[PDB]
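Q: Knowing the structure of chain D0, use the given hints to seat chains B0, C1 and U0 on it.
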Amino acid sequence: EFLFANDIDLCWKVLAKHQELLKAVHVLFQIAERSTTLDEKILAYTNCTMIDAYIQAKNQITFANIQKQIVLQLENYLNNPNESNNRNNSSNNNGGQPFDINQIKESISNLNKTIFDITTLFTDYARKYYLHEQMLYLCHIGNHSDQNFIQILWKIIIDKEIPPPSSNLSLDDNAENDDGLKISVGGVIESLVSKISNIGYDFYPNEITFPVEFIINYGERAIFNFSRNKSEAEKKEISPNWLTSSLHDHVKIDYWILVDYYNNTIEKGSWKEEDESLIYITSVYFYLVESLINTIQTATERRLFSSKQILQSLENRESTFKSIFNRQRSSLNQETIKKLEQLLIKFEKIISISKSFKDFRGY
Amino acid sequence: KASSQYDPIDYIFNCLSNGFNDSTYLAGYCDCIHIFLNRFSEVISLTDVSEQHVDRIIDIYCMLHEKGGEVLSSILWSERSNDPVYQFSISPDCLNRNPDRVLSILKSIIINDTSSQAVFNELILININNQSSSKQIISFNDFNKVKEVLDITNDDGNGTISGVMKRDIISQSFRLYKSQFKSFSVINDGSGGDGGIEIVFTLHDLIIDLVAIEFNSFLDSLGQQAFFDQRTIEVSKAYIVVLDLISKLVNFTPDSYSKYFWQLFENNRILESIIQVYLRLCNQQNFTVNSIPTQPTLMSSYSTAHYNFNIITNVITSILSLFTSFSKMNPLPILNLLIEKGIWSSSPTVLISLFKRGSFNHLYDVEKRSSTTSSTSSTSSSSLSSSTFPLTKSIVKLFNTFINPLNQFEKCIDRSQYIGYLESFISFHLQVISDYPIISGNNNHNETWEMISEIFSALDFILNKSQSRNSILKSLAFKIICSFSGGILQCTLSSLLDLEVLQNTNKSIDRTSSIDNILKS
Amino acid sequence: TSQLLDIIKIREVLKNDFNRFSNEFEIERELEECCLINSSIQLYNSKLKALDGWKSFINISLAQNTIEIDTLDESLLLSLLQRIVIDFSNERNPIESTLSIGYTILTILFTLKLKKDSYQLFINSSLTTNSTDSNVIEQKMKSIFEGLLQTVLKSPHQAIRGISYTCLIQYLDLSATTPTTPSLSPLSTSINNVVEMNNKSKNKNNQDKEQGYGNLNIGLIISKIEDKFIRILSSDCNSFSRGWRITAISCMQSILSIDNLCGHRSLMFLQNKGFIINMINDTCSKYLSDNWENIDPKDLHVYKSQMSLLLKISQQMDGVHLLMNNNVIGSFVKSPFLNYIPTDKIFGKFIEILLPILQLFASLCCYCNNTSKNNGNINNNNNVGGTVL
Amino acid sequence: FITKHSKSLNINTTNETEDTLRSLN
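Protein chains in written order, with the authors' numbering: chain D0, 1206 to 1256, 1264 to 1575; chain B0, 409 to 702, 726 to 952; chain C1, 890 to 1278; chain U0, 864 to 888.
A portion of the hints provided could be inaccurate.
[Stated by the list, open to error] Straight-line C-alpha distance at most 20 angstroms; calculated SDA-like pairs for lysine to any residue:
#  : chain 1 : residue 1 : chain 2 : residue 2
1  : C1      : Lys1091   : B0      : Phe915
2  : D0      : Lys1520   : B0      : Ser778
3  : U0      : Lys870    : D0      : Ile1420
4  : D0      : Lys1442   : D0      : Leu1552
5  : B0      : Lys555    : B0      : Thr568
6  : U0      : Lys867    : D0      : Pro1417
7  : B0      : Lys772    : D0      : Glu1530
8  : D0      : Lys1520   : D0      : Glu1479
9  : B0      : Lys772    : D0      : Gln1524
10 : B0      : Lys910    : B0      : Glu854
11 : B0      : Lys772    : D0      : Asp1472
12 : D0      : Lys1340   : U0      : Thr880
13 : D0      : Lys1340   : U0      : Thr883
14 : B0      : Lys896    : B0      : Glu854
15 : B0      : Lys799    : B0      : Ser778
16 : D0      : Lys1558   : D0      : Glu1530
17 : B0      : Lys787    : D0      : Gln1524
18 : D0      : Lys1270   : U0      : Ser869
19 : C1      : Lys1117   : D0      : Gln1524
20 : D0      : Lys1228   : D0      : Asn1252
21 : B0      : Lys799    : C1      : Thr1021
22 : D0      : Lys1448   : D0      : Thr1548
23 : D0      : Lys1480   : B0      : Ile683
24 : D0      : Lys1570   : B0      : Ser778
25 : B0      : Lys475    : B0      : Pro500
26 : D0      : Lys1367   : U0      : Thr883
27 : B0      : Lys787    : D0      : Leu1516
28 : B0      : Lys824    : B0      : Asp891
29 : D0      : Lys1567   : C1      : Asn1272
30 : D0      : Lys1280   : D0      : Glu1225
31 : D0      : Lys1567   : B0      : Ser778
32 : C1      : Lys1113   : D0      : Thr1510
33 : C1      : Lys1002   : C1      : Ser1023
34 : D0      : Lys1567   : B0      : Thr780
35 : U0      : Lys870    : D0      : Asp1264
36 : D0      : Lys1567   : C1      : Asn1269
37 : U0      : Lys867    : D0      : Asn1355
[Unchecked claim] Quick list of the computed label-pair ranges, beta carbon to beta carbon:
#  : chain 1 : residue 1 : chain 2 : residue 2 : range
38 : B0      : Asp929    : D0      : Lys1534   : 56 to 62 angstroms
39 : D0      : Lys1448   : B0      : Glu680    : 53 to 59 angstroms
40 : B0      : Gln632    : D0      : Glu1287   : 39 to 45 angstroms
In short, the hints are calculated from the structure, not lab data. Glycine is no exception: its CB is placed at the ideal position from the N, C-alpha and C atoms.
With the rest of the complex left out, here is chain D0:
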């Protein structure tokens, strides 16, 4: 009673050392009621996951952490309103009205007082203010199953990090002044990789909210479309494993699982429609197989890499690339031709390793 009347924050710690755990939790729940910010309430419910009740507290932390991410992007919109228009303005002068600075501050003012449920967080905030990333987190927490809606969210997230392909404004060579940040082909990939990996880390192996084959097939197509018009000078910032390493290095997706998601991407997708795109995705696939050959350790793995299906895919991929390469060896330039000739010698070595790991069974 004395601490609950004078120091409520010492009160729950004393009750916890007295092993009165359910009373410490009932003081901490009343901190999370009475508290003035969202931060105090996350701390108080986090203690109710260091002490049924635990799962209710962990759900309140879960909603409150996405509710903080909604507040942060609303204050970013208030601080940087010139960017939150200029990233969108590129394709049309359709000035859809910039959000009411009173209503955003009323939203923030209420988001900082009380935790909301997942459907109120989705509807009146995340969907209202076009927060597709925070909408996708709410779909994961809520186990929402509309695979088409999730693919549209993933597309709109990829098409928020990739800047749209610059149209033919004129070479009026006297424009000396403007430090308008030329985002590198590195820097676009660096932002997009971070956007994919850091969302994947909370979700995987949820194939509904992290649809790996779609994220690959659209991400590689969007970096292909962005890079196609670039100079061969900028097509030297692009890592051939830009997405494929980070999905292993951070998201912990096995290189064996990635190899057949890339076989599915090449077999199912619109990659068969254009030579330059089929050369691109087949190059990523063979650099992903080059990663896998450096991770293969056991006799069991060597005994899988020598399977008929893997060997026959590698020989089909080499035959396909080698056919298209000699179709284009009359139109390509004398660096890019050599770039593809030095790739072919890797693919022929990769097929030789799938064959040596096969006949490592006659001894």
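A: For chains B0, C1 and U0 alone, kept in the frame of chain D0 given last:
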């Protein structure tokens, strides 16, 4: 009142099921029961009977033709203007509801070339005319084909066409599929309101519409539901009946008509659609089995899961029936299509490191699991069916139609791959011999022992043509012989001793003509 | 104790705070829900009564030898054992119920060992020339082993793993074949005669397959689970209290007698987790320090089982290498105990601690002899650098 | 983030397009 205590119709169903199979007078029983069903229907209209007893009258009427032979098919082909069960089945208020009833009568009548070609004519003479006052709408995929073919850029959305058409266009018949020919009529009532459009189409055009329209939308409703609705169950009945009907027509119609059904399916890609169905259904069997754990609500879900499994197994059985029937006439493109759609393989390693749901070995393992798991719950006294093997017995039939034409295939496929596809076929025949004691634990011995006679007949054909100059057949015969170590020779010897026991008990004169032909294989 | 809902006190409080309900038919339904929940709790309690009756009935019907062990039908006992090992793997057990099943699994395996060690098992299925029936017996025995391993992989509960470790020991003692007869050597056969080399392949190509398949089935179960099973067991070998620590260490010894059939992988996994050096340091500091006179006799059995595991490791070529690659001789030889000149009142406890060390040190000398077969058949580059001493 | 006792997000997304999710109308 009689049906509410001791029903005389299901009595006749048990009479035709369980009474007369081994009777050297059988067709004379059918030629009497046919006159009972007719002289019953001459006194009670089949509109005035509850439709479950009408379905059972159709079950019985179908069994009367199949067990009566051409003795009843030739009576019906001469008295069908007078037969009330047939005349009810071709009535518009039956046809525009439950056409699986008439399609089952047309299925059962097929027994030889004579009755098969008669059904092929009558399917084109039965015209379905939507002259009941219920506006049934044109099937949406053909409504859009008619919208395309006629420049119908204005639409009213009601399935009507509020446009001043030329009668000189409508007085023509249209190919909504290749070798289909639906006709169109304008109802000119005399009011001057709706100039309504009738379609006049045959029961043969409807067989094409079930197989090339409705069954695709049924595949996507199956793709969204873990339990079937009443219409999903009814469309499944109708599709089983249509697949068996076309399968019988392809077995028993002479050269020109079995080639017409081939070219009809070929030209409209129908064999690829049926394989996309097969590949989905074989994956849904992996959900209806692996959702069983190993108050009324627990008995109703388990019963519905078993019923839905039996429906899927029957649809796949009728697909394998139709593929057996087509492979008797064109074995090469059916074999190559089962390989190209990835049901089959020339390498056991590629089966093992893919484990594809809907490879033939996966379907045998599923039928082996549903037939063995039933053995434990021996605490109740309900009339469950014995475990049968209709799927595996249809897989054997589909393999035997590739084996008989072996001496033709040698000029039509690579020999190295064709050895590999025959090694995997032989490996399946061998597995069904090694597992024989697990299968024969099920009381349906006759069916299993026939399936093994159909296996031994095909392996004998490979051995007796291996002894020639053919090197393909010698490699395959050596691989059969190298597989006859221990358990495969044991289970063969067990069957030859079970045959010695059964010819030692059933000295009762009533030896079925199956037993002494299982010995003869 | 077991709690039920007090339908009287509930009906009285619902009638005091009636203000929550639209009408009394709702109150009488919230009481219907409590009467249903009490009925299913009563049925839950009687199913538990019936297991505790059934377990005590069976273990008394075995542990008195009141049924003649010759007559005890292994086809019935393996069908019971295969049934109840499934529920012994269920993560929805009671602890009490899963233990009551576990002790019944243990008695059935022990009675089957007491049959093996008096009579040949399965005689009725060698008197059938049915290759089917021995296949059904392996499939039952295998369905028991892959199940006992699932209880280890799933269970957090020490005694449920501990019973499964005793059952896994008894299973491996059941599946191990008796010795073959010694092959008498006719020492006088020195002269010329040619033909009877070539027929000697055939009969070993059978008996080495037939002992091979059972041991390869065990090896092809362990070698799927390995990284998790040896990881859980090597944790439990240092995470368990006293008596069950010994059971886990005995289980590790029984597995190392079979690890040759995986390819010394459990042994290599223990070094790839520091378990060998950590168990050497756990041994010297606690049993070979100055306080050895004061060792508790309950944990002197933990010492003996730790030493019997070092003795089981030194019984392998790679194991002698791995004991020297943790300085075993030098790391025991530094320990205070060995400096002690023994005096009469304590001599037996000194011999009980010195004897396992002298067995281990003698065992390390054994393998160092096999260097003499280097017939240079060159062909194939299988660069597996195994350390020939 | 998954918990076995989250509130399911019982929304009807079947009327959303890439347009209605990209635009300010």
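Q: Work down the list of hints and note, for each, if the structure agrees.
A: Against the structure, the hints come out as follows:
no.: 1; hint: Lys1091 (chain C1) x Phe915 (chain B0); result: holds, 18 angstroms
no.: 2; hint: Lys1520 (chain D0) x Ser778 (chain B0); result: holds, 9 angstroms
no.: 3; hint: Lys870 (chain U0) x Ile1420 (chain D0); result: holds, 17 angstroms
no.: 4; hint: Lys1442 (chain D0) x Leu1552 (chain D0); result: holds, 18 angstroms
no.: 5; hint: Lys555 (chain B0) x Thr568 (chain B0); result: holds, 11 angstroms
no.: 6; hint: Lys867 (chain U0) x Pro1417 (chain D0); result: holds, 15 angstroms
no.: 7; hint: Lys772 (chain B0) x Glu1530 (chain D0); result: violated, 24 angstroms
no.: 8; hint: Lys1520 (chain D0) x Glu1479 (chain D0); result: holds, 17 angstroms
no.: 9; hint: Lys772 (chain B0) x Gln1524 (chain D0); result: holds, 17 angstroms
no.: 10; hint: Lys910 (chain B0) x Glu854 (chain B0); result: holds, 8 angstroms
no.: 11; hint: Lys772 (chain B0) x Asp1472 (chain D0); result: holds, 19 angstroms
no.: 12; hint: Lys1340 (chain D0) x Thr880 (chain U0); result: holds, 15 angstroms
no.: 13; hint: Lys1340 (chain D0) x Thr883 (chain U0); result: holds, 11 angstroms
no.: 14; hint: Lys896 (chain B0) x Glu854 (chain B0); result: holds, 16 angstroms
no.: 15; hint: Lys799 (chain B0) x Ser778 (chain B0); result: violated, 23 angstroms
no.: 16; hint: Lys1558 (chain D0) x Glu1530 (chain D0); result: holds, 10 angstroms
no.: 17; hint: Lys787 (chain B0) x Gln1524 (chain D0); result: holds, 18 angstroms
no.: 18; hint: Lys1270 (chain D0) x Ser869 (chain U0); result: holds, 9 angstroms
no.: 19; hint: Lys1117 (chain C1) x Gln1524 (chain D0); result: violated, 33 angstroms
no.: 20; hint: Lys1228 (chain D0) x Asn1252 (chain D0); result: holds, 12 angstroms
no.: 21; hint: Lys799 (chain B0) x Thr1021 (chain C1); result: holds, 17 angstroms
no.: 22; hint: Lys1448 (chain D0) x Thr1548 (chain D0); result: holds, 11 angstroms
no.: 23; hint: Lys1480 (chain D0) x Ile683 (chain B0); result: holds, 19 angstroms
no.: 24; hint: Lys1570 (chain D0) x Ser778 (chain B0); result: holds, 16 angstroms
no.: 25; hint: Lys475 (chain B0) x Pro500 (chain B0); result: violated, 28 angstroms
no.: 26; hint: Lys1367 (chain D0) x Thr883 (chain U0); result: holds, 13 angstroms
no.: 27; hint: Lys787 (chain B0) x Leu1516 (chain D0); result: holds, 17 angstroms
no.: 28; hint: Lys824 (chain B0) x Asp891 (chain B0); result: holds, 18 angstroms
no.: 29; hint: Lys1567 (chain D0) x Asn1272 (chain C1); result: holds, 17 angstroms
no.: 30; hint: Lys1280 (chain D0) x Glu1225 (chain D0); result: violated, 31 angstroms
no.: 31; hint: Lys1567 (chain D0) x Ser778 (chain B0); result: holds, 18 angstroms
no.: 32; hint: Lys1113 (chain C1) x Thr1510 (chain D0); result: holds, 13 angstroms
no.: 33; hint: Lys1002 (chain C1) x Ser1023 (chain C1); result: holds, 18 angstroms
no.: 34; hint: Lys1567 (chain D0) x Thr780 (chain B0); result: holds, 16 angstroms
no.: 35; hint: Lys870 (chain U0) x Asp1264 (chain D0); result: holds, 14 angstroms
no.: 36; hint: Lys1567 (chain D0) x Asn1269 (chain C1); result: holds, 15 angstroms
no.: 37; hint: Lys867 (chain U0) x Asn1355 (chain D0); result: holds, 10 angstroms
no.: 38; hint: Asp929 (chain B0) x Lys1534 (chain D0): 56 to 62 angstroms; result: holds, 60 angstroms
no.: 39; hint: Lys1448 (chain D0) x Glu680 (chain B0): 53 to 59 angstroms; result: violated, 46 angstroms
no.: 40; hint: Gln632 (chain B0) x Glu1287 (chain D0): 39 to 45 angstroms; result: holds, 42 angstroms
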